[PDB]
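Input sequences plus hints: build the corresponding full structure.
In case you want the letters, here they are:
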Amino acid sequence: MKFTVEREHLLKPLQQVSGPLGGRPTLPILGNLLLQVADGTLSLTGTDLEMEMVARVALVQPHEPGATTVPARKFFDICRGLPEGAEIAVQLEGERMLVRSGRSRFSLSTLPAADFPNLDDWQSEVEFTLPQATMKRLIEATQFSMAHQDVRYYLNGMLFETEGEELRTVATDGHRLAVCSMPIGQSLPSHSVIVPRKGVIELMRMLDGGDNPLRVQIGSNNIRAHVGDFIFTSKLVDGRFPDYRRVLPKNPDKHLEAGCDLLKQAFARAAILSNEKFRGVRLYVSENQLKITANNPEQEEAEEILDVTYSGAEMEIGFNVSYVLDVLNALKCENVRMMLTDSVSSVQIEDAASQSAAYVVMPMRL
Amino acid sequence: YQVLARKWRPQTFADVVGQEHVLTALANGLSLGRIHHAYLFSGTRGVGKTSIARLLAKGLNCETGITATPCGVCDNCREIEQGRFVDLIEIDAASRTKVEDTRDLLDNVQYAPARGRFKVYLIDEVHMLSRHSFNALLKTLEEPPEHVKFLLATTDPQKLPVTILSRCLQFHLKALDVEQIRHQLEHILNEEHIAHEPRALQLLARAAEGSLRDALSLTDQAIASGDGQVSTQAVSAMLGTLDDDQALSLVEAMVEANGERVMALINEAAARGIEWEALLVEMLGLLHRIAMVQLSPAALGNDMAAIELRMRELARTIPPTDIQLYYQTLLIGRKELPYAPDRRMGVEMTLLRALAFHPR
Amino acid sequence: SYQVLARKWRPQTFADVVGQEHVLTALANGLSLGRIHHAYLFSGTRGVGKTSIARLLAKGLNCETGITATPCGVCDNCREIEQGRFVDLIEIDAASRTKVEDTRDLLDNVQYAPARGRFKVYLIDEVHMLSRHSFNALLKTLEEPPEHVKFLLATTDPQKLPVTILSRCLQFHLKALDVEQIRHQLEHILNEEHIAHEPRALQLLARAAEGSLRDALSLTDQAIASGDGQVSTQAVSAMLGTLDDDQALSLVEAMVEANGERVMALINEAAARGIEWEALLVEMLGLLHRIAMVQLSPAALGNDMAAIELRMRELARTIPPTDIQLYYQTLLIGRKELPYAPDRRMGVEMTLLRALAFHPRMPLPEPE
Amino acid sequence: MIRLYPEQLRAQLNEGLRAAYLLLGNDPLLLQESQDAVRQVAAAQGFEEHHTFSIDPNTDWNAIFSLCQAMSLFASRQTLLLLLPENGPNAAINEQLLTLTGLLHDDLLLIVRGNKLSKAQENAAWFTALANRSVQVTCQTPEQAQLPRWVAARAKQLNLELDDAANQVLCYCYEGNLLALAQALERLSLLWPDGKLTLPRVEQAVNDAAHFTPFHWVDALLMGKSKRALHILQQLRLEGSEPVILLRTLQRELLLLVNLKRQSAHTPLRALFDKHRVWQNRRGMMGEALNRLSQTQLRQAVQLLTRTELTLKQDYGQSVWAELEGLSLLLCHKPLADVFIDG
Amino acid sequence: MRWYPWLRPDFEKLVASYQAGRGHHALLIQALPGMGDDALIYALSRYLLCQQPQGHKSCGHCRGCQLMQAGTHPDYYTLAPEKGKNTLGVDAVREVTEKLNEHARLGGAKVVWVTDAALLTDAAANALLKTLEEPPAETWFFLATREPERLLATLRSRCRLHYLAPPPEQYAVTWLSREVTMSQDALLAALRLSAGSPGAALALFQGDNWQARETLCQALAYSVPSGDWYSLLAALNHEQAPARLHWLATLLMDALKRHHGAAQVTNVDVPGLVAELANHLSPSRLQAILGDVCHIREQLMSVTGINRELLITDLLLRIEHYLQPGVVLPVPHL
DNA sequence: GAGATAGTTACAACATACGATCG
DNA sequence: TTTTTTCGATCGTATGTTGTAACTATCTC
Ligand SMILES: Nc1ncnc2c1ncn2[C@@H]1O[C@H](COP(=O)(O)OP(=O)(O)O)[C@@H](O)[C@H]1O
Ligand SMILES: Nc1ncnc2c1ncn2[C@@H]1O[C@H](COP(=O)(O)OP(=O)(O)O)[C@@H](O)[C@H]1O
Ligand code: ALF
Ligand code: ALF
Ligand SMILES: [Mg+2]
Ligand SMILES: [Mg+2]
Ligand SMILES: [Zn+2]
Ligand SMILES: [Zn+2]
Ligand SMILES: [Zn+2]
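Protein chains in written order, with the entry's author numbering: chain I, 1 to 366; chain D, 3 to 362; chain C, 2 to 369; chain A, 1 to 343; chain E, 1 to 334.
Each hint should be verified, as a subset may be incorrect.
[Unchecked claim] Mimicking DSS-like on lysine-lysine, the simulated pairs with C-alpha atoms at most 27 Å apart in a straight line are: (1) I/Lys198 - E/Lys130; (2) D/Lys176 - E/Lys130; (3) D/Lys337 - A/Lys313; (4) D/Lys100 - C/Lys161; (5) D/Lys100 - E/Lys99; (6) C/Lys161 - D/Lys161; (7) D/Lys161 - A/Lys313; (8) E/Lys13 - D/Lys161; (9) D/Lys161 - C/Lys176; (10) D/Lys9 - E/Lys13; (11) C/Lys337 - D/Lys141; (12) A/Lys313 - C/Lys337.
[Stated by the list, open to error] Derived, one-sided and incomplete: chain C residues facing chain D with beta-carbon distance under 10 Å: (13) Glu81; (14) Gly85; (15) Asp229; (16) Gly261; (17) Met265; (18) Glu338.
[Unchecked claim] Here are a few chain A residues that sit away from chain E, every Cβ distance over 12 Å (derived from the structure): (19) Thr101; (20) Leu254; (21) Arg292.
I should point out that these hints are in silico values taken from the structure, not numbers from a laboratory. Ideal placement from N, C-alpha and C gives every residue a C-beta, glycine not left out.
Structure follows, in C-alpha cells:
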C-alpha cells in the first residue's frame, strides 16, 4: 500500500477537512479522519456526526485498495514539520502505518476503519446541477434573513424548494421575509426541504468563484453537494415551514417607486441619530413626497425629505431602519418598488426591473 | 402509531371533558368582547391546561373572527393544529430559563403579527423560570401592546411570585371525577373498536386518581398486555387487585396480636406476589368501614355481605380509639413505604409496630 | 375591545388615589412649600399604587402651570405623561436594565438639559433587581445630582438594597388597603361602568383581594366574565366563595354536641352538593380559630361575618378553650393525613370519627 | 543558607551583603520592613535600578531573563524582586527558577518574597543550590503570648511610654494584625507628641480589627475562655468565613476527645497520646479539656454538630452561627438547658 | 451487562409490539438492581436500530449493527451521570433535546436511553417533560428505575410502565448453586438480603462484601453482650455504608421476628447472633434501633456530601444511650 | 490617472477565570 | 516538625485571543 504524496497537493485539502474538526473530540475516533484509496483516487473524509466533508485527490502511481483512520492533529503536525516541497511515502504495515520522510521513519497508530461513522449507500430523491454563480447569488440574497436562536426551531434555517424548473430560497425570522426564485432549466418534482444555519454557512464558505458547476442531491433525510473535488453532506431539520405566499400581502393598493441609491443614503443619514437599541424611524408618504423622521433617547431629532413617484393617500408608517438598509443593500439595484396597504400592514419591497426576488418587512406598532 | 393520549387531544370546546366553569367563562368573555391580556391556567396533572390554552389561541386567531367556537378548517386553525403557525410562539420555560432568552423575547413585542391579528405567547410550565425572568416579565405583562396576548399554564401556582399571579387572570381547573373518566374511556374505546368490560373501565377510572392522561396510559398498558382486549382479568393483574380475604385475615390477626399468623400470611402473600400498597389501601378501607359500622349499625354496605358477619364481630370488640390508632399506623406505614430498604421490609415493620400497639 | 379595568381606572390625580393619605399629604406639603428632594423611594406590597403615585408626582413637577400639588391634567405635558409620551420622563426597566453598562450610559447622559419640561425625571422601576455595580455607580450621582434632575425609585423588596442607597433617599412605605376602601372603590368603578352588582359579591371580592387593589380588579373582571355581564353573589361564590357556607358551622356544632348521626347526614348532603373536602376542612379550622380569638378578645369578630356573629359568640361562652384546641389540633392532623388517605371523603370521615371518639365530654361507647 | 529573623537583619546588612535574599512568611508588615531595609542598604551600596515582578505562569520569563542578561546603558548593580504565588511554586516555576539561578551574577541582586514554603516546596534543586550563598528570613506572626513583648519592643523603638494596660488593650484589639498595630502606634504618637500613652488615650483611639483562624477558635474552646471564643466566632463571621471549615475543624478534635475519654478508663493518658500522635505542646491542653468535662458532655455536642450540619445542608438555613455559639457555650462549663439540643 | 435467562419471556412481549408498529414512545421498566433490565433495554435498542432485522433478533451484519457493536452509532444517545458524580445534569438533557430536533443520519429510528431516572434532578425532569410528551417521529425513549413512586408525577403519568419480578426462590437458589459454590443457607440468606434478586447475590459473593458482612456479624456478636456499640464504627465507616446498615436492619428485624415467634427469617446462617439479640434486647428497643438505622440510611443516601463518620458516630452514641433505663424512645410521626 | 491586489485596523464573537445568591 | 470545605443551577464583570469585514496605500497597467 505505497502512497506517494506531494506537500503542495496535500496542503489545502488537509486544512479544508480539518476545518470542521475541533479541539473537543467527544469520541475516540471522531477526531481521526478516514483515508481510503479507490481505483486511482484517494479520499480523505472527516465528520462530527452532524456534517461530513470528503476531499478526493487523483493518484497516478500504482496502488491497491485500502482504508484506514489517522488522527488529524498528528498528521497535520507531521505535514507542517516537513520542509516545503518534500515527498511523503505512506505504507500500511500491520496496525501502525509507516511514514518515510527522507531517512526519517515514523510509526503512526491506526484504528480500524469499519468503526468510522461514514455513510455507505446514498439514495437521491432529487438531484440536479447548477453553476456556482446562481447558488452563490441565491445564498447571498437569502442568508441575512435567517433567525439565529429562536424557540421556533423550523425558523432557524433556509427553505429550499424545487418546483417545475424553478429553485426558490426562503428565509424568515418572524419579523422579515426574503424570497428568491431562479430558473434552472431542468424539470424537477415539487419538493421542499429545510437546511440549518451550519449547512448553509459551510456551503457558502466552501463555495468559491464560479469555475465548475456543483451538483446537489437531496434524499429523505440528507443533502449532499459535490463541487470540484469536495463533497459536503448535511442533515435536515424536518420541522415543516410556513408558506411564504401567505405572508406576502394580498392586493397592495399603494405603490411607490424610488431610486435605490437616494433611499439608501437618506436612510443611512437618518440612522445617525436613530435609537441605538431599537433603530426606529417614521416614514410619512404623501403625493410625490417621502419624509423620514428619526428620534433619539437623548431627545435628538433628524428629518429628511425626498421626492418619489407616489399618488395615493397620505400614510404614516413606523419601521426598523436596520432591516430596510439591509434589504436595500442586498437588493443592489437602481429602482426600488415598495408596495403597502395600510399603516398596520407588512410592506413588500421589489425591483422595478424584475421580480426575481422579493422582501417583506412588518412595521413596528407603537 | 400515536398513543391515545397524543391522538385524542381535544380540538374543540365540545370535546373537553368537564371544566365547565372555565369554558363558560372563556365563552362569555369572548362573546362580550372583554378579552384579557394574561391568562394563567392552574391545575393538577393532566387536566387539559395545554389543550384549553391551544383552543383559546385557535379561537383568538381564527379567520372568521374572534369566536368561542373555532371552525377548525380555516388555514389558521389547521396551521395551529399542525404547530407551524408563526404568530403562535410556544415557550418551554424549562429548556429556556436563562434571563437572556426572556429579555430577547421581550424585545420582539413591538412588531406587528406576521399573518394573524394577535401575537400569542403560550408559556407552558412557567413555574421553572428564575426570579430574574419573572421580574423582567412583570412590566410587559402589566401593560403589553394591543396586538399581544400572554397565556400561562402551570401545575404549581404557589411557586410563582405574588406579583405575577396578581397580573394575570387565574383559572383553577378541577380534577376529573371517576364517572367522567369512565365515560371518556368508553367513548374512546368505542371509537377505536376495542373490546372492553364495565369492571375493567371502572377499575381503570378508579386507579387514574383524577388524571385523564394516567387513565389513557393505563388503558394503553392493558391493550398492550391484554392482546388488544381490555378485560377485567388483565386490568386486575396489572393493578394487583386484591380479591380474596387476605386483607380481612391480616386485619383480624393484627387485632388478635397473633404475630405468628401475621408473618405466615405475609410470607404467603409474598410468595404469591401482591402489590403492597394495594394491600395497605384495602386494610385502611376495611378499618374505615369498621369505624363507620361502629358509628351506626347500618353503615355496612351490601357489597361486603360475604364477610359482613365477621366485620360486625370486630365492631363489637375493638374500641374506636384502637381502630383510629391502627388506621393512623397503617397510613404512616403507607407514607414511608417508598423510603424503605425494601417494600416487604416496610410492610413487616409497619405490621410489627401495629402488633406492639396493643393497649389491652 | 374593552380595555382592562386596572389599566383604564388608573388614578390621574391625587384625588383619585384610594388611601395612602400620609404619603399624599407629605408630597402635597413638599410641593406647596417648595422643599423638593432629589431622591424619592417608594416601597410596599403589590398593587398599592407606587407607580401611580410616581406618575402623579412626575405630572406635578412638570406642569406648564408651575410646580403645583394639584396638576391641571389638561396641559399638553400632563396629556403626554398620561399617554406615556412625555420626552422628559425617562422610565427605566431595572428588571431588564440590570447590567452596569446601562447605568453607566444613563449617568453619562444625565448632564444635558431637558427638552421642554423644567425637570428630567428618571423613574426607575423594580430597582431592587440592579446589581451592586449599578448601585455603586448611582451613589455619587444621587449624592450631588444636577439641579434639573430628579430620581424616583419604586420596589417591592427594599430590604436587599444597599444601606447607602437607602440613606441617600426619602423613603415612603405604602400600607395595604383595608377591606372597606377596596369595597368602596369596586362599587364606584362598577357604578361608573354601569354593571349590576350585589353587596355580598363586593364583600367577598374585597375579602379575597387581600390588600392588593389590582387583585380586586382582576377578581372583579373574572366575576363579570363568569356572570355574563353581571356581578352576582352566586357567580362570585362559584369561583371564589365555594367556601363560607352554613354547612361548616353546622358540622362544627354537631361535632361539639357529639351528634354522630347529624354529622353523617351533613357529610352526605355535602357530598351530594359536590363540596371540596379540603375546603371544608379549611373552613372548619377557620371557624374554630375565630371562636378561639373571640374567647381571647371579644372584638376579634368583625362585621365581615356578622350574619353568624351571635351563634359564634354562643360557641365562645360554652366550649372551654381546651376543647377548642383539641378540635383544632385533631383537624390539623387530619389535614396532614388527607393526601395519603385512600379517598378524600374517607379521610374526612375518619378525621371526624377520630374527633368524636376522643370527645372530651361524651366519648363513644366502649365495647363490653 | 544563613537563617535569620527580621530583628537581626540590620546588623547582617551592615556587616555585608549577599548574593541573594529570601523572605518567606505570613505577616505583611515584617516582610515589607525587611524588603525596605534590604533595598535601602543596596541603594546605599550603589544599587540604583529596581524591578519587581509577580511570579505567575501567565507572566513571561523571557523578559526577566533578558533583563538579567542585559546591561543597563548608564547603570549597574540592578535589583530584581520576585513575588511568589500564594499557593506556592509549581514544577514549571521550579524549572524557571533553576534556569534563573544560573543567570545570577554579582551585580544582580535577587529578592524573593512570598508565603512560607512547605516541606515539599522547600525541597527544590534551585533552593538547595542557592542555599550555599543565600540568606533566609523567618517571618512568623507572633502568638498571643509573644505579642506583648513585640508591642513593648515597638513602643521602645519609637520612644513611646506604653503602660501594661495599654499594651494589653492593643494586643486584644489588633490581635493577629501587626500592620494595624504599627499604624495605631503611629497615630497615637502623632496625637500626643509628649508620648505619654495612658490607658484612656489608647482606649479612645482604638478600633477592633483582630484577625483569627478556626484553629484559634478550637483552641479557645478547649481552654474554656467563653469570652475569647465568642469574640473569635464574631470576628470570623464578620470577615465572611464559611462555617463548613469551622465545623470540620471542630469535628476532628471532638471525635478525638470522645475516643480518648472512652478509652481513658483503661489506659494511661500518655500511652493514648503516644498512640494517637498528638503534638507535645497540645498534650496539656488536651488533658485539661478531658478532665474538665465528662461523658455527659461531648455526647450532646455530637448531636448539636449533626443537627447543625443537617440544617446547613438539607434545609440551607441561615441560623448556623447561633448554633455555633450555642455549641461553643456548651463546650464551656455552662448549663445549656438542652431544649435547643433537641435530644 | 449479562443476559439472564429469566429475561427471555418479557422481551418476547415487548419486541412484539414494536413489530406491529404499536410501541409506546416512552417505556419505564421497574426492576430491582441486578435484575438485568439494562440487558433488556440494550437488546430492544439493538433491534430498533438494526436495518435488516431477522425476526426478533438483530442481523449483526448491517451498518447499524456494526456501529452499535463499535459504540459509535450517530443516532444512539445515552444519558448517564458524569464520571465521579452521582447525578444527571440539565445540560445533558438540553443537549439531547436540541439534537433530537434534526433527522436521523442513517434514516432510521432514534433511541434515547436514561441509565437511571432516579438520578435526574428536578430541573432535568422538568426539561424532559415536554420532549417526552410530543417527541418527534421515530423517536423512542427508554427509562429504568427501582421505585417509580419517587419519580415526578408528571413524568410518571406519560410513560408505559413494565414491571419485572424475580423467579421463585427455588429457581434462584438453583441458579446460584450452578454459578457460585457455597452452603445452601448462605445462598438463601444472600438471596433474601437481595430482595429475591439473583444478580445482587452473585455480586455480594463476588468481592469482599461477604467478608465485610462476617466482620460486622463478629463485631455485633461481641458488642451485644456488653453495652459497647461504638466499636461497630470501624465495621460501618466505609463507602458501602448503606449496605451494611441494611444488613444490620435485617438482623434486627429477624431478631424481632424471633421474639414474636415467627418462622421465616431473613438471616438463615447466623442463628446464634439472632438468638442473642432477641435475648438481650426488648422489642421496643429493637424497633427504636431499627427505625434509627433506617432513617440514618435514608439520610446518607439522600443528602449530598453529608459526613459519614459523624452521622454513624452519632447513631451509635444514641443507640447506646437508648439502652439505658428510663429513656424515652422515639415515636414515628408524619 | 485609475483599478486591482495586498496589508492594516476595528468590531464582533468565543473562551477563561473569579465572585455572589438561592435552593 | 502542621493539620486542604456541601453541591447544583443561574447571573454578572472584566480581560485576552482569533477570525472576518471594511478601509487605505502602493504598484503596474
Ligand atoms: N379536561 C380534559 N378533557 C379532555 N382531555 C383531557 C383533559 N385533561 C387531560 N386530557 C388528555 O390529556 C392529553 C393532553 O394533556 P393535557 O392535560 O392537555 O396537559 P396538561 O397536563 O398541561 O393539562 C390529551 O390526550 C387529552 O385527551
Ligand atoms: N391607591 C390606588 N387607588 C386607585 N387605584 C389603584 C391604587 N393603587 C393601585 N391601583 C390600581 O392598581 C393597578 C396597578 O397598580 P400599580 O401601578 O401596579 O401599583 P404598584 O406599582 O404598587 O404595583 C393600577 O392600574 C390602578 O388602577
Ligand atoms: F402537560 Al401537564 F401537567 F402533564 F401540564
Ligand atoms: F408594579 Al408593582 F408592586 F409596583 F406590581
Ligand atoms: Mg400540558
Ligand atoms: Mg408598579
Ligand atoms: Zn378557523
Ligand atoms: Zn398640566
Ligand atoms: Zn443489523
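Requested in this report: Go through the numbered hints given earlier and state which of them the structure violates, listing their numbers in rising order.
Outcome: 8, 11, 13 and 20
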